[PDB]
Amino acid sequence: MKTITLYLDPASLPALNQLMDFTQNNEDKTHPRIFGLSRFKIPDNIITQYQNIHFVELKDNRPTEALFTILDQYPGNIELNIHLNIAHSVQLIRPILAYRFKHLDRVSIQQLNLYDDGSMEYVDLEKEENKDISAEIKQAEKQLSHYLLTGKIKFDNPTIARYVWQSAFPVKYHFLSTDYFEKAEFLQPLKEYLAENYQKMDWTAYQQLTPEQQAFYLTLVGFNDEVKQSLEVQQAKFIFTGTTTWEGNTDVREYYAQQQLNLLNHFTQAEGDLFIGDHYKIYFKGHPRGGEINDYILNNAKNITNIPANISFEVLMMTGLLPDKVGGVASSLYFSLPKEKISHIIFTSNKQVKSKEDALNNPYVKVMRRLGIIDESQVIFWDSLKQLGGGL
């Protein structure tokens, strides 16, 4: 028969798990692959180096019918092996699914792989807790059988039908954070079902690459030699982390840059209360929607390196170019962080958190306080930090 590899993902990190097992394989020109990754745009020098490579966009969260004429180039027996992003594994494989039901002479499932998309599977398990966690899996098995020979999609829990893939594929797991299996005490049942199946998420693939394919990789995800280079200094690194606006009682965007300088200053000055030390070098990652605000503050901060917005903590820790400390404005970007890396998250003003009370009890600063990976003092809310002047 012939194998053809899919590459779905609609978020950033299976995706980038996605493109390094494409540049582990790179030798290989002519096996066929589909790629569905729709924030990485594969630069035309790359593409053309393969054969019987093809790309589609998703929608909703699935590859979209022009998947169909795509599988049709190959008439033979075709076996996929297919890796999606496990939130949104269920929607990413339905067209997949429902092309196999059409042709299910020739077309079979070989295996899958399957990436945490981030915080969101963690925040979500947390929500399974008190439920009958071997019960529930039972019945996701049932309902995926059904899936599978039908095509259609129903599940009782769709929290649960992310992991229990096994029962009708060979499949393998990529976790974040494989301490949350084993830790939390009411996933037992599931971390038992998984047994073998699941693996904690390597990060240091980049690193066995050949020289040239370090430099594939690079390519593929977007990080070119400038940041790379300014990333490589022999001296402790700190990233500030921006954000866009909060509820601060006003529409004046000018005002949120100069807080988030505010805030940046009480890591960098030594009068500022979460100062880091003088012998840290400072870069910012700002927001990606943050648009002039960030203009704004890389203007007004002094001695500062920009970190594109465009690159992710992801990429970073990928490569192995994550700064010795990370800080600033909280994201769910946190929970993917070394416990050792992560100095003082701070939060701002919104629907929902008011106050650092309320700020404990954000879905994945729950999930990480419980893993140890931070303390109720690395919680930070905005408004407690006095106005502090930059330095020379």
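Numbering follows the first chain given and starts at 1. For clarity, a rigid core is taken as the largest C-alpha set superposing within 1.5 Å between two forms. First, how it differs from the form deposited in another entry.
A 2 Å or larger CA shift between the two forms, after fitting on the rigid core, occurs at just one of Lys191, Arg94, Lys172, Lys281, namely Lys281. Here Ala205 does not count as shifted, since its C-alpha moves by less than 2 Å between the two forms after the core is aligned.
In the core-superposed comparison between the two forms, the C-alpha atom of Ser336 has shifted by at least 2 angstroms. Once both forms are fitted on their core, the CA shift for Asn130 between the two forms remains under 2 Å.
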The other form holds:
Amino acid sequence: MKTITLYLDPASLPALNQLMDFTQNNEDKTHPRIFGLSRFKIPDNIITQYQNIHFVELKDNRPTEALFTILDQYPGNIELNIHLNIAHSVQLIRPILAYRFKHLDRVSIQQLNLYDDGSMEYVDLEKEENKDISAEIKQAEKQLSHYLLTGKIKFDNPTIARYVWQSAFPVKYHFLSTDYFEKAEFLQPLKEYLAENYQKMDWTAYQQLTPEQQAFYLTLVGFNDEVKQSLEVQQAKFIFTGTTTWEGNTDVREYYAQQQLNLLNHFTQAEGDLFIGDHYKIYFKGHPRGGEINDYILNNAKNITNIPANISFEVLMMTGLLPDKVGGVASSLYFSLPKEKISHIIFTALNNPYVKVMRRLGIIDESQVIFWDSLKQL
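I have the form deposited in one PDB entry already, so could you send the form deposited in another entry?
Below: the lone chain, stripped of partners and molecules.
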């Protein structure tokens, strides 16, 4: 019948893996594709090369009703090939299942490919440390079953629910950390349950594409020549990475802005706690959703070369353009960065789930961790 490919992600890391999927499968100009990537604008010159190509907005972590207008265009039996954010998988598939409900006879779910949002999945798993994971799976399995038959979301364990899709669909997980599932002893039943339905995110994907596909991908992720040449400088490089807050609260937005500027100053100034040297070129790699937090850095910093916030950090590792050193606020980008390039990771005590994930992984050592409120105003 007809296979329809849906690419869905309100965040960054899954959309990045999914655009690699699109690249590897881009010889096919007619395969039906729906792009719900909040953080990614397919270039119009590329859009015109394709047909059966669609775009849907996401709101509240899920495709809007406009998804239905698009699917209505394929009146035959359709099998949906779905790519999702793991943390948001339940919401993202919500409207698809509501469409399926109305068109049971002709609409099926072929397969799921799922990708980590990032650290969030691991932070949340860390909170599941003192629970019977075995029992939790079997309960989530049952509750997923009720979701698929009523369309109603009710989960006793919303975290573990994100990993029981194989009880209903052919599934593949792509993990930022397969080492997490191995080292976290409490999660062994999960690891075993997932069996061979998971792999690690493959960062070597880009070097195995053809030159034409490589340029194609860089055009998807917004990685222009200007940025390429800005990083090829004949000098040692430090990239300062920013963060963002998921709180529209103005006072908090400005606080993050103020603290992050102060953090940079600890890195780049002589009097700083994290002073790196005088012999580094300084770059700002802002969070893609930083917004006014990113603006605050640019407006208030000096001798700083901006790498536009929209380019994901991992693209620099695709293209072998990693700097000498990287420091900043704890980020999903630190999970896949070679350990030799970590200057310092800062967290926004002993029982911080995020500190624990990164301690478990070897990303930060037995080191007395650095919170950003623990730093003097320079």
